[PDB]
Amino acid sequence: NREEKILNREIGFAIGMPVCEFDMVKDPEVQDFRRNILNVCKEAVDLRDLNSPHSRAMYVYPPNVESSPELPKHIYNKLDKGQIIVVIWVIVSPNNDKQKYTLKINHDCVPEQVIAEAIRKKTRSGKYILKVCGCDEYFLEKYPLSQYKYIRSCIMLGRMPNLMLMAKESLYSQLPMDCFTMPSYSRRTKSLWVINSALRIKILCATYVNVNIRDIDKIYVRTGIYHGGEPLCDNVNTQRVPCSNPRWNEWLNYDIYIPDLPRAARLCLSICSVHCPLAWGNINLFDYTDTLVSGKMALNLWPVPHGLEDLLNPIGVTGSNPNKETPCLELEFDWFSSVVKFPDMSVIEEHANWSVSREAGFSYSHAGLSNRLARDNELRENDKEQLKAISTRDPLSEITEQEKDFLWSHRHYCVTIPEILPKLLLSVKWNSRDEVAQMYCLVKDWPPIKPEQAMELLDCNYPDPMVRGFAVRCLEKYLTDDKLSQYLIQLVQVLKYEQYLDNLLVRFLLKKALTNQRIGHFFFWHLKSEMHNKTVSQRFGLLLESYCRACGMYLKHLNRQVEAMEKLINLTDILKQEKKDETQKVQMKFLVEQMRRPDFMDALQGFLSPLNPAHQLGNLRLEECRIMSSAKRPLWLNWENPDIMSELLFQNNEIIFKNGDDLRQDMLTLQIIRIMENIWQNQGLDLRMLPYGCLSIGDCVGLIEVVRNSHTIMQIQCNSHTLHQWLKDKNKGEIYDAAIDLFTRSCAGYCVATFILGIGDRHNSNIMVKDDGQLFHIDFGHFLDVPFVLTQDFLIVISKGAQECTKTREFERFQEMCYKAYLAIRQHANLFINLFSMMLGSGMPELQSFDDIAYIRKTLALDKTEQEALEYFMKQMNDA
């Protein structure tokens, strides 16, 4: 058709990849994915069409609400007699005439109740909705007004809520309807258990294996069978062969029997020199149709990632390298006269139910022969008490083989403490179909666990699809849209661990992206920002294709953002190329020259901010745009806020564009800070952090939010009393007390957060202070390594200029904030551990092994008691 060719052009421009390149791939998994995923698209579109048009406005403008309607004490105490003061704005004439009506109402009022009170005091002389003044956020559901994050924050900050009445007809008429069309491209045996053979694989020859004859005599193929990074048997190598003729023609035998192969079994192989590795690759032993791979097949290998001292790379992704001009290794698997598939769930349930009756046969005498079969043995309360103690340890405490045998034995009891499932799963012998079949039935009826606990089951050491299917069940039952957005970074990353294109995790995330457009925005950009990475570009490219067909009109607004970013990349590439050594003035002349060409001049104005799509980026104030003093030439960009009420929120939107630095680390560290702030605010501990906008949009390219009215400590010094005098100066009179209080709280938060996270390299140019006293750190490149950090400059401010701070009462109140903030994060240690664990396959440099993560066990003292952990942080703080 004709409309389909335009839509494919729009999809291709958004992804940076022509749709026809997807059509060219003859891998049937690819084509099946492109068709089979389309039911998620129709379900999502139908969810947006049931109860139109309010259904599609919910989609485009979801409520921005907190997790729970309950308010902490320090929040409620902001509100005398449970009453909030809210200003409601109405425009009487089409000339944008302002009329404010101030209201005093209960915080739990639905937006309809706030419209009623506003319309009654409008007349003192069901057709409207509330909009946040200054940005495209709406209050469409019947949430308690205090539960919306904007209203909650206005209570938190002691700032005045500014809202606007707007008729429903206004918003609805500006939301175009979605005409999702199904595309022209959707319309297109013996079990393993009955095979008693040992596994053997044929390593025949290798091509494109050019390598320097210097320091190379012989080369050889190292293989290994793994299940999620743990070997199922011994690694078997091939025999050394000459470098000029890479032929082995060798069948390798492995200590594992075929019916015991787990579903997620993978062949991890590599080519190694003689005694270093050259290139690696992984193959799934089963395809996406549950078929034991049989026959000849060739694998294009991957270059060794810098830092890989091992010989195999079992955590790297699986599949052939798309660059077919790389080392290519040829393999052959046994055919067994028939198509071999993995047994049905009914066959597994039979074998497992059979296996439980074999237990009651064996009785108590036989139970002695195996420590893992302690089911028949009677269980003292010590056993129940040890299982409880095991279930309460962090996801990275070592589980001994005694404990693993102890866990398998009591699995019918572990169902009663479902939080122990992760450690239980780690106790299975995954190379025993007898045990695994029996674990499946446990997982089949396992009680749901918290989303924060289930996310662990999606990282790099739970590859089994039944384990991961249970994990998605949990998120799909308890994970709120708020928490989904909060954790979206990690949930996108764990898609890389998935063994196949079509899988329950991606169907979950895609459906939520296509029913919640705040989520779909960052879903898009987190995927788009890594299309340059060839290990996942095809995976994310196909997933982006299906998204762009069903997200609706927002595809047009996304392309609008993509070309904006693309012009900024091209323009900054030309600066780093042709004017990199010129003065900043010569660079600015060239910048203003390039920016005033007509094609560029609208590509970058009249689009939505990728940092926050509620923010509209109107006209560009070139007079306020500058190349920044930093290296890599950051662009200070300034747009007009075209909103009618821009003066009540922010009149200019200031964003830094940075080309050259990997921003994934800043984006992650600020996520952790935001979550830590959320934990502290829920426990009534008002420690004000500033998790500040930072989005990676591509390979060492991204956007950074500007916080206004802030200065670095180094500039403020331009005496240890110097900082405090600046704060006294900026904050005279009654403001002094609130300002000192704001600095002490923000300092406590960042002291604790930087200590826990091992945030080193902190100097007076990495710590800024706002005019209202808000301290906050910056440039989070390095992290997880450093001791507790408190300069004398900070302490003088806390004690309001006193000589000894330890002596004053304010330092006592400062410490209790830290100890409480420290113990609050420690009580949520599993959350942060799992979040970092999910980031291991990301390819991020500073999160590549569990050794990198072990440092938060040390700073949080998880192997000690909450007493002795507090004393450790008692000491770490007084060490100054």
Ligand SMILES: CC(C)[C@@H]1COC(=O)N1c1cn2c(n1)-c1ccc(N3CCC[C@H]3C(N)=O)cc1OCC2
Contents of the next structure:
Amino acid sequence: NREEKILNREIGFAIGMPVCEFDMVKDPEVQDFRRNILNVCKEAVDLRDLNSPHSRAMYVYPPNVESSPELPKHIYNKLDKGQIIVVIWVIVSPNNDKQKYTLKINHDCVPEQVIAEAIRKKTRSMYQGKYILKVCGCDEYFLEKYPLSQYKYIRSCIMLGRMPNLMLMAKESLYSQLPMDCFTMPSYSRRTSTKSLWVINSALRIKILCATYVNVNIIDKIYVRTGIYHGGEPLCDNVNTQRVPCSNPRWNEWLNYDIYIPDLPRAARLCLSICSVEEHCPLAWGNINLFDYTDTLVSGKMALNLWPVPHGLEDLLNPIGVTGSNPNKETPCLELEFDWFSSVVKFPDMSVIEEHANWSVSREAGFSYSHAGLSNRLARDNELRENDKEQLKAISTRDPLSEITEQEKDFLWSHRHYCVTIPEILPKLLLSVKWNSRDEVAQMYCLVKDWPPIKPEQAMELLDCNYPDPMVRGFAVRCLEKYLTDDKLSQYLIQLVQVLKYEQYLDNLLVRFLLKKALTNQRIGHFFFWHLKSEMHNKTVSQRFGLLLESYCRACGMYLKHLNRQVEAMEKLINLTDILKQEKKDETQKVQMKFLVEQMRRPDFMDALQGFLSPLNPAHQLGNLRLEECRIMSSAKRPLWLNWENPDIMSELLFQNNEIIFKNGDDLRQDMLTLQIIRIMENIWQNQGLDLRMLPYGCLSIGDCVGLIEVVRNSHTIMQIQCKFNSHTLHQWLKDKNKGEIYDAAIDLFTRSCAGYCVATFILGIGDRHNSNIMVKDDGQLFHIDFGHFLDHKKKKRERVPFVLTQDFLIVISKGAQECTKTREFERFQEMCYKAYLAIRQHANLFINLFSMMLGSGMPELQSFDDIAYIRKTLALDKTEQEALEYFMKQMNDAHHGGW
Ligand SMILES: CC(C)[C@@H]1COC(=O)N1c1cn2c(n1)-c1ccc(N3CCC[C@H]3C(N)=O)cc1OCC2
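Since we've got the form deposited without this ligand here, give me the form solved in complex with this ligand too.
After this comes the whole thing, all chains and molecules, with the earlier chain placed first.
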């Protein structure tokens, strides 16, 4: 047991709460999750010891590869006849003397071939399966047989015109360093009648007894508002209790609902709230799953602790809110009573559902012309015309925020069998289902059961708040299991972690998929841990995320120990910054720095703040902290500028110092999402041969309004440039930094990165640009920082241009010409914008879905589908492609007072 106790201390330190608190949770769902999730843990551990040591090395150091080995024409043209120059370093003599070997090989060469060529060059100077290639300066390895150019490091080197520097390491040098972890099963591994829902011939009714902890200001009259929901879709009309004074919240009233108990869908929920009053106002709210995790209908007495109303929610009910009782018991508590049927009621099995769907399909197949004429949801098989097929195809092209009329819904449902031939229509077909009809739902189940697979980015939509059904969500997860690459999983990890909150139960297919991937890929596992840990202060998700983190920490292996180093380093940094903002806030920079350096030099702190992996990128080792290079930044919330040595043997070939900005006080979640979207945008542009280089620098939220920002070396704000001022200062600075022949490359890089940031900021509705949030690298790469604001943040009770190209920017674009607006350079720059704008337009659904998946997150500027609709306005989705280009030009023309 000594091993178990110690490991529980390690897991508790990682999660930020003791494991014993989980053991005390009475709720059977919680204890069943803890026990049953362990098979995902076992499965993942089995996959890792399948082909050991190689399979273990693949888990710890997965290949950091692109999704496809194909190169866009513009990237291939950067290669000398499809060949790349590569530098291979062999550490040999004592005191680690470095021998370099320059190779000109095909871009498609496998690491083993690269090693053979290196051995050839070293032998000419006077086995291949005994070495591995490592990226110089960081812990990135090439353990798998992918073409060299498919490795992200290599592709980046090709794209940026950089020399790839790789190090020949012995297989045994790496293998001996990966410890053998023996995953142990925890102590908790060792643990009337029953009627079907469809045999309950009764209407729904729920009793509202009384409310406790209704502490309000003498508010002069209150009631309970209730409704039956399927996602955010009401299943019947809302039912309110009679009004009562808040001084005595007693109702003892059965509420009768307009729904037959057998018609209740699987994901049906009771959404309620205590309202005051005419200006009706919600005081507290709470949601409940009408069926528990065991598929049992709610029976008996239940007490539900309510949640405080979130600012901006005028609506009396909160359906897209969290389901379950508030963990804090010193909150308004509502007592409810459910119906009793003298037996346990369960949701029918798939076999019963299938028998019923086949019975319905067969019955409908025999319907006469006139019977089918009774309903617009009924359509005879052979009546399917080509015009109808064309209408179905047109509907499937519409964006997820485009309204589907009641007529289109009846249309889609009656043609559901033809819909299988155009499988991407599934999200529209599902919103057209009468979720309060068991006859229709049973048939939808069977259609989904055998539904053709759709793209992972299309399936992701089916995991958002509009799709609560577990059969639907199960199909989505299966598409991800079959077609989502680890690369794309990493890219969309924030969205996939968010959509976990929309799950009715702790144990589901999505969490099993995500956990298995985190436990079989340490790069995925790293960010999985941090995304969950960053939200552990949020009581809406702390039990879910806490239980998930416990399962992750039991099976991740040795990485727990490394994570605990990063957790301890962040904890010390939160502690220091918290003191500086509450105890030393008014003191000078010189004084504050003296306190900081004295605190940091304490042996306990000094050890905790050095020799750990960067949470921004775990391939980066943070060695000794360079205190003399550290500083308190004069910016808002006084962030810490931190500098560590990169202890890697060949750090000089990557970077010798790792500089990170630690910030305590601002919410960094909107920045992370924007930075992710900028990268996705750049990826779309690059694939279409549209070379607009963006700078989606690293940003990670590690807690409540705490996080890390990746520093971009040799980059300066426009204000830093002009504060050496004329409009020619910037262009003169770039000319000075790019003297000679290389000048044109800087102007091209500037105009290209400028076009990208113009289009990206206009689409996304980012916070207003100024000379302190626009940065420029010495080579001419323009980029933006501080993405705290996006979408419709300047809304009133209509669209903006956040990046207005002042004379300074146009002078650079036009190479110093006076009439910068009327030059061929500016005409070429406009063309880059138009193409960039239209390309994003073609991928609008992806962007709409990425934002829709982030709705359950507590982001201030992303609270409703109305906020996402801003992107539907900027992309001009209701207009044609030419009208959309015209609208963009007009927005640009108005903001710049001419030119477009
Ligand atoms: C104060 C800080 C938190 C700001 C505000 O919100 C951001 O997003 N910020 C940010 C991002 N980046 C940098 N600031 C940054 C700052 C300075 C430097 N540089 C590098 C050279 C010296 C220093 C400078 N220009 O002062 C480089 C940076 O990288 C881009 C990411």
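Positions refer to the first chain, counted from 1. Rigid core (definition): largest C-alpha set, two forms, superposition within 1.5 Å.
Rigid-core fit between these two forms, the member of 573, 112, 804, 434 whose C-alpha shifts 2 angstroms or more:
So the only displaced C-alpha belongs to 804.
Quick one: core overlaid, is residue 7 moving 2 Å or more at the Cα between these two forms?
No, its C-alpha moves less than 2 Å.
Core fit, then residue 17 C-alpha moves 2 Å or more between these two forms:
Residue 17: C-alpha displaced by less than 2 Å between these two forms.
Rigid core aligned, does the Cα position of residue 511 differ by 2 Å or more between these two forms?
Result for residue 511: no, shift under 2 Å.
What does the CA of residue 377 shift by between these two forms after fitting on the core? Give it in Å to one decimal.
Taking the core as reference, the C-alpha of residue 377 is shifted 5.6 Å.
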